[PDB]
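Chemist: Each chain is listed here by its residues.
There are 2 protein chains.
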Amino acid sequence: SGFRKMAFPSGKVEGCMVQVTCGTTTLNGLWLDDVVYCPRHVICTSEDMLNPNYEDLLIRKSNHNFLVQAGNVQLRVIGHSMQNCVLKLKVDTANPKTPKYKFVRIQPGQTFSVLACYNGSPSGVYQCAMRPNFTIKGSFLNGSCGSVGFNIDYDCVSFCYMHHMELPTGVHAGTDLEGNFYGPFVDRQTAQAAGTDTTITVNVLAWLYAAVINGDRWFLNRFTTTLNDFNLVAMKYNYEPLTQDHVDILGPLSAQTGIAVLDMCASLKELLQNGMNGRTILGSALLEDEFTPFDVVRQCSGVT
Amino acid sequence: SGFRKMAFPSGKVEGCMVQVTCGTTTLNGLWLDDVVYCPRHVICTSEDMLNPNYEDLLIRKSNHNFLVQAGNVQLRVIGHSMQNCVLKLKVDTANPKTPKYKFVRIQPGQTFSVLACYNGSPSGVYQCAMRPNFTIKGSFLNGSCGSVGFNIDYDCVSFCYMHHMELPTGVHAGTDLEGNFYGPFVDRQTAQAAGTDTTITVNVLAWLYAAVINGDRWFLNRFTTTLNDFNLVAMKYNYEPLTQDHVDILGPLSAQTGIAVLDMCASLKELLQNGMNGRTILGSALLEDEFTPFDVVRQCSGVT
Ligand SMILES: Cc1ccncc1NC(=O)[C@@]1(C#N)CCOC1
Ligand SMILES: Cc1ccncc1NC(=O)[C@@]1(C#N)CCOC1
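Going down the list, the sequences are from chains A and B. Using UniProt numbering, the letters of the first sequence map in sequence onto residues 3264 to 3567. Using UniProt numbering, the letters of the second sequence map in sequence onto residues 3264 to 3567.
Watch out, some of these pointers could steer you wrong.
BS3-like, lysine-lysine: derived pairs with alpha carbons at most 30 Å apart [what the hints assert, rightly or not]:
1. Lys3353(A) / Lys3360(B)
2. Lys3351(B) / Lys3324(B)
3. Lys3363(A) / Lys3324(B)
4. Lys3351(A) / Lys3324(A)
5. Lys3360(A) / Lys3363(B)
6. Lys3351(A) / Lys3365(A)
7. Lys3363(B) / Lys3351(B)
8. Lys3360(A) / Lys3353(B)
9. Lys3363(A) / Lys3363(B)
10. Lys3360(A) / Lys3365(B)
11. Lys3360(B) / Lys3365(A)
12. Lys3400(A) / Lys3499(A)
13. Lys3324(A) / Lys3353(A)
14. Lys3499(B) / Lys3400(B)
15. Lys3365(A) / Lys3353(A)
16. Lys3360(B) / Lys3360(A)
17. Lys3400(B) / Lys3400(A)
18. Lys3363(A) / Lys3353(A)
Quick caveat, the hints were computed from the structure, so don't treat them as lab data.
Let the sequences and hints guide you as you build the complete structure.
Modeler: As structure tokens, this is what we get:
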């Protein structure tokens, strides 16, 4: 009973957080095996951030300029390289706490947990989603750069995000663990605007199935729709167009509840056209889109 | 920038989760030093739960009947006792991962993180609040009993909750780590109804201060109020009455923003009387009450 915005247990990621200092800039690093991953802007001063030439700035840096501290002990840096927008610092010690891991580049609409860190120390964990405009609505202050996003499948941590930037609109931009930014953002102190933040339709439907499973059924109506009719409504409300791929992934939820995907689409259509009318669904007064169909299945079944 | 419902990093609690089996019932245990804490209803069959006499049921149980498994290794049980609604299983090995810890009985309105577990394995972490009717709106399925609630102050874990029950209304009831239930609930399969779920006023105000700090200011008005005038409105909307103690704890937020507590109360009063008018605050279309003033301060300052 009950449905919560749950994050993955963070322990496996906590054992990987280190502090990286270069000059007078300190941020977070991710220590996996004998490599520490961190945003390349760690080599920048506030002035450098205006228009940095990272290759040129890196020439003035040696292995001894990167100070890596795991807890209260100093790691010896024996190599450094730049891969896209991340720095890989080869250390002389493999992290004894390295979990089974993969680096994955996620698609917009996918969810993940963020372990927010400051000075290599964790402050908290929350569940996020890569928005369709490639930003994340996180909670990050100065010093939080290098904090990571991830998913867990039993014992394997799939790292998907590394925090780099706060846009002037308070939304967040970052990279995958290969250093490639999600979206068109660059690691520069220049005004970069985000595109339309559309609603992740398939996630809203998955959350409506979670609500039915947990007792909230008032929004179920006597109607059905078609993908094309539904998508005309989704276009009007800045919702992502629903495809047969999305319908397919909702299949297990449609099967468990006995509510056909297109019937749930008609409920969503009426909710979009009429609003909630002062009512709530799973304790929310708006349509939640940061639960994927896989998250709903996982939570509703007790996957550990 | 940004404000999220954050949970504490769960690592320190993950290293304490064990599986406890008695007969054919399996639930979660908390292993701290050489003691494993678990709900006493682990000794019950589904039939026993209807009207259990725990002292009588415990007589038919020996140390060897309690199977404690931490990961894939079996702990030897050398003692067992019942303290209120929890069983304390003395094991022959101190948990090497025992963090610095305290057992605290929280007050209604206080928030905490829950590490949801199944068969001694964690499934996720989420932030909760002890409701004013002493229930929690968690996310727990069968097998989740023994999962714990906690807060962290730097390196010390204050355990405050242990999950025991799901009421017929899908809300959750549990105990502190001394085995005393929050509220009037009993560990029996008998219909127990919850009292009025009032809104935690001081938490809503703290969240309104977080919203101002983060850019959402539309709800700020030209009015002020008094504690007595505000409380007449709070009574009507089933909000907890605000006291000078609550005003005092909001002080640092009033000081940082320059918005007097009673002015924020007048904004809250207008929001209660007029609604949001299709608008949102920190991405929510309702007034959030599961952030204490301490949580807002912590998140907005970067406490690790
Ligand atoms: C101040 C802050 C808070 C949260 N996330 C990110 C930031 N800051 C940034 O985006 C930086 C830029 N541009 C400033 C230093 O290099 C990265
Ligand atoms: C089914 C479930 C799911 C989540 N939390 C709790 C429960 N169940 C309960 O409350 C129990 C009772 N009464 C059933 C066995 O003893 C505790």
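Chemist: Decide, hint by hint, whether the structure agrees.
Modeler: Structure-based check of all given hints:
no.: 1; hint: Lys3353(A) / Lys3360(B); result: holds (29 Å)
no.: 2; hint: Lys3351(B) / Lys3324(B); result: holds (13 Å)
no.: 3; hint: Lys3363(A) / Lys3324(B); result: violated (40 Å)
no.: 4; hint: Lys3351(A) / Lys3324(A); result: holds (13 Å)
no.: 5; hint: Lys3360(A) / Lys3363(B); result: holds (20 Å)
no.: 6; hint: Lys3351(A) / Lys3365(A); result: holds (16 Å)
no.: 7; hint: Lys3363(B) / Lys3351(B); result: holds (19 Å)
no.: 8; hint: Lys3360(A) / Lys3353(B); result: holds (29 Å)
no.: 9; hint: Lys3363(A) / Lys3363(B); result: holds (27 Å)
no.: 10; hint: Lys3360(A) / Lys3365(B); result: holds (26 Å)
no.: 11; hint: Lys3360(B) / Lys3365(A); result: holds (26 Å)
no.: 12; hint: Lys3400(A) / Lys3499(A); result: holds (23 Å)
no.: 13; hint: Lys3324(A) / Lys3353(A); result: holds (14 Å)
no.: 14; hint: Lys3499(B) / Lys3400(B); result: holds (23 Å)
no.: 15; hint: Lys3365(A) / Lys3353(A); result: holds (18 Å)
no.: 16; hint: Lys3360(B) / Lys3360(A); result: holds (13 Å)
no.: 17; hint: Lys3400(B) / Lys3400(A); result: holds (24 Å)
no.: 18; hint: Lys3363(A) / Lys3353(A); result: holds (19 Å)
In the structure shown, a violation is registered for the earlier hint numbered 3 alone.
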